[PDB]
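Use these hints to put chains B, C and D with the ligands onto chain A, whose structure you have.
Take a look at the letters that make up each chain.
There are 4 protein chains.
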Amino acid sequence: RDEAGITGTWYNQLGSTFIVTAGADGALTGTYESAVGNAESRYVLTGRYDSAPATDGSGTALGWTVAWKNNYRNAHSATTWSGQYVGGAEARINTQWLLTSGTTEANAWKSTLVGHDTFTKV
Amino acid sequence: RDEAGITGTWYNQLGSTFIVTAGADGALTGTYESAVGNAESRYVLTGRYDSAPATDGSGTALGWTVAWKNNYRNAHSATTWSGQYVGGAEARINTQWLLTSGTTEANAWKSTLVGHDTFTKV
Amino acid sequence: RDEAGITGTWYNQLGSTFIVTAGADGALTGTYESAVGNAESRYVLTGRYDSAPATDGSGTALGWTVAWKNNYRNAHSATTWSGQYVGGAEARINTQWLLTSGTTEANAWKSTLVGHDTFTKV
Amino acid sequence: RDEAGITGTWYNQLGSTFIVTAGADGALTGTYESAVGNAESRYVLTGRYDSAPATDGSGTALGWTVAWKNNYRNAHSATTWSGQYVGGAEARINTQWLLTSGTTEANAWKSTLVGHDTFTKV
Ligand SMILES: [Cu+2]
Ligand SMILES: [Cu+2]
Ligand SMILES: [Cu+2]
Ligand SMILES: [Cu+2]
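Protein sequence lines correspond, in order, to chains A, B, C and D. Counting from 12, one number per residue, gives the positions in the first sequence under PDB author numbering. Counting from 12, one number per residue, gives the positions in the second sequence under PDB author numbering. Counting from 12, one number per residue, gives the positions in the third sequence under PDB author numbering. Counting from 12, one number per residue, gives the positions in the fourth sequence under PDB author numbering.
Errors might be hidden in some of the hints.
Calculated pairs, SDA-like style, for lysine to any residue (alpha carbon to alpha carbon, straight line, at most 25 Å) [as the list claims (entries may be wrong)]:
(1) C:121 x A:127
(2) C:121 x C:65
(3) D:121 x A:126
(4) C:121 x D:100
(5) A:132 x B:126
(6) B:121 x D:26
(7) D:132 x B:116
(8) D:121 x B:26
(9) D:132 x D:52
(10) A:121 x B:116
(11) D:132 x A:128
(12) A:132 x A:19
(13) B:121 x D:27
(14) A:121 x B:24
(15) C:121 x B:127
(16) C:132 x C:16
(17) C:121 x A:82
(18) C:121 x A:103
(19) D:132 x D:44
(20) D:132 x C:115
(21) C:132 x C:100
(22) D:121 x D:20
(23) B:121 x A:98
No lab work stands behind these hints: they were computed from the structure.
Next up, chain A with everything else stripped away, as it sits in the complex:
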């Protein structure tokens, strides 16, 4: 259990900030603030993590979602990050993400961005 290891403030390579609490059950709750895109201030996030990971040196699987609507803006989109938490001196969350925008059916083919973010504690 990486409940303690996960909980806190994380920063990615874009300068975005992810603030999360991990629950004993597997819950992830918090806020996300993106340094890029059609976004301002904090957005709610929710997700899940493996609260009983393998003890063989494997990372801890997790994922979370942000819908990009808050009281300032609505970018009609949602991002999900899927990845793993790796503990130890340089702890990291290594993710890949899918950002889907709401589109008309004609534009559905261009609805979804894919990328990768790495989060660190500093």
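Only chains B, C and D with the ligands this time, still in chain A's reference frame:
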């Protein structure tokens, strides 16, 4: 707002079942049961959707996560679906997904599956 | 060997047309014409397929690339499809694709679209 | 035109080696040697790049495929990398990739890995 449209029971092309409640705020909560993979019975899911979508015929962006741990099994993995809800006579949720397994750092390159699921009400 | 099975004209769900020749060695060569996006007429494609697939009912792995420059337009982008050919009465090529646009380093986070195309012979 | 800039030997974060020639037309040809996975020695690659990129500081879009069959092994799979070449003192090719294995239709849902490689000249 597709709070009503989203809430309920959905089925994908694999025969999996997604049961979800959409909150007025943008919350998604429920359970997922996969017809395939290292999975049995129901797993908690959480996510977010755009509760005030565009009124121009665009779909409604949403995403959710499942960590594949429940009281029966732990597959040390999490899937996130990112996609859009499209309302109307044949309502659908069209998604793409990332399934990340916890791995050692040597195997991180093969940690993540990608696919696409389409959910319908029947 | 699906050299014969692959070679020919294929159509996806968007109305795009893929014309390909499979070589005995594993080469794929041909042209692609997209029904959507910043594209007109035919673009060169090249790729590779597994010329000696498993005989256990598995599909045949393959992939190809298109850079979206031809004598009519240059959309400063490339798509790669990665997937599998499935032979038999309803033959199909089931793919997932990554479309990367050239961007400045500030916009690199939004450089890459992901989607899925299914190609059929009719 | 980055024909000169692209052509040569590149190394990624896994220790794999990509040797490529860029043609004036947009062709990419060469060999790939993976440091990981079910692979040994060199495999043919082919692909395409944007031979007339934007002059606004944007990267150069490109992609290539490897089918993982050579005279030593056949891993019944193909990878496509899609990304961009960024020139200058630290030149890089930043990619995302899809690795599809041939599978039975029952296992198609787990056919495709996704990841990201960064290639440098040293
Ligand atoms: Cu275990
Ligand atoms: Cu709006
Ligand atoms: Cu074999
Ligand atoms: Cu231009």
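key: Hint check against the structure, violated hint numbers in rising order   = Numbers 2, 5, 10, 22, in rising order.
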